[PDB]
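Missing here is one protein chain; the remaining ones are kept as they sit in the complex.
In order of appearance the chains are A and B, and numbering begins at 1 in each one.
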Amino acid sequence: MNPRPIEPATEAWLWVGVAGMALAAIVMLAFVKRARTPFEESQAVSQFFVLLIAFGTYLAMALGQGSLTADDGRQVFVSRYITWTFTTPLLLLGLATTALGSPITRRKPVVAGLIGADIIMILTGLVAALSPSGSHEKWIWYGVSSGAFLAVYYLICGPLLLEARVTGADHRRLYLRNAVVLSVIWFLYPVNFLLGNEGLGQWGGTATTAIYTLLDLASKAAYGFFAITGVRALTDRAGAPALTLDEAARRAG
Amino acid sequence: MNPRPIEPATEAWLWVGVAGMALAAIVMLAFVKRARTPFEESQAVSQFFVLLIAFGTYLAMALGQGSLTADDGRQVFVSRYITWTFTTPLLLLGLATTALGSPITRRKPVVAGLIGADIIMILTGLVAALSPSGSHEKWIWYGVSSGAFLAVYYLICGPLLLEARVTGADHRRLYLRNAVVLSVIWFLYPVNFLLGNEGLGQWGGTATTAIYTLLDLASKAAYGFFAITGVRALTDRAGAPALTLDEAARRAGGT
Partner (left out) sequence: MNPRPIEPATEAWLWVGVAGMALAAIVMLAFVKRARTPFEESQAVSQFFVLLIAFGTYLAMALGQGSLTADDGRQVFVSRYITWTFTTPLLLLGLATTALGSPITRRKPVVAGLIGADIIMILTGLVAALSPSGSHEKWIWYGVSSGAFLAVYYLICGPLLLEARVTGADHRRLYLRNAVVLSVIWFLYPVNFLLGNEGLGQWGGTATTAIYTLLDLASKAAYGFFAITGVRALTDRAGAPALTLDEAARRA
């Protein structure tokens, strides 16, 4: 995997993604080390691996090792799609865990369907990104990926929201708070695809890479601390032990 | 991923897989929304993602984006094997939860071993499909894949069947009714590989693709609706609630 040449402006935006995800992961690891309940531990570990994998994929892209040449000649950062397949289910799992508790006590096949529809969304998106410009198959997969996105929206706004009301009041508030912010940020992703050089090409590759970088920092770092502070607040309102799970394990032995 | 040329008769068989898997997945999604028990919901979304993933892989193949050329020169539809790795464990998951209930509360290692033996089968079958024609590497991996196939057969007819009767008489009948149909349909897959153009070459790639298409429609759409109506009759027999899972969550969430 010899490093590939990148435009200076594009590589600069990728290094902003590296430094952003690295710092956010370090702070998010603190929420892991200080988790007090299984719900707080699951949410913390999920968010941390979102940032940690995102740091790796931006390091791969910045080092010129996360892109290849499509058949039409464009440069597609496939590493971004590869890790999106793993980070975006962890984000959605956080929503489903908020709505159904940790460990998941009910409606597990709707959680698996959430992850499944999301993984399909990314994978069919990669195919649309690798399809040649101006081709019908490029937008057939775009509409296929958008249909998976619509089903993720439906599960978040329909079944999973119905179960949030069943779980509890504070779980319903946190879920609605986190599901709304996530849904607004994620909506801009197909907009960048449609207008970036992975689609209609209204703006070039550097702008496309920059917007994806800012969206990734928003959906992972900014939203992650937005969500992990709501988890911590819910765990405070729920009256959690003033003890980490590790400290509770040390005293139980 | 620019579309690669495909023989017209082969492309025609791929589209009948697209139309069949697309209509089957839409109908199966109704079984998901109508689910009333955890067992009914687990079985429903499993079959739905079986049909849904099969739709996309036949779409990819029909669009000329689901195959590559092996080093020996043949055209291999690798997309089929790629999604087979995910749709065939979901089918067997349905058998596992029919024998052990949903959620699976015991014998999880035998379910993971079932899924694992199945993934090894498809993955090693891909290597045999990409190995050269008339080589020994092809039939070693064909032999390895057949070994994992026998492991699947043993787990279905052995420990899982022994566990089905422990769950109950209704779960035993459903399991034995669906496992027999599934096992008869799945046996024809290695026969097609053996005689198709990714094996000995009794028939060409068009006939091979056609047989795989029909076998996929049978094992996924035909068997899927055969199976999922069995799990609905089981819930009806056991007195299932008059409310779906969503409607039950709406009652317990409304005020």
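One rule holds in what follows: a residue touches a chain if its C-beta (ideal position, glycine included) is under 8 Å from a C-beta of that chain, and two chains touch if they have at least 3 such contacts.
Undergrad: Determine which one of B:140, B:176 or B:240 touches the chain that has been left out.
TA: B:140
Undergrad: One chain isn't shown here. Among B:57, B:131, B:192 or B:209, which residue touches it?
TA: Considering the complete complex, B:131 is the one touching the chain left out.
Undergrad: In the complete complex, the non-displayed chain touches which residues of chain B?
TA: Residues 70-72, 106-110, 112-113, 116, 120, 124, 127, 130-132, 135, 137, 140, 144, 158-159, 162-163, 166 of chain B touch the chain that is not shown.
Undergrad: May I ask you to list the residues on chain A that touch the chain which is not drawn?
TA: So the residues of chain A touching the missing chain come out as 1-3, 38, 41-42, 44-46, 48-49, 52-53, 56, 59-60, 63-65, 103, 245-246, 249-250, 252-253.
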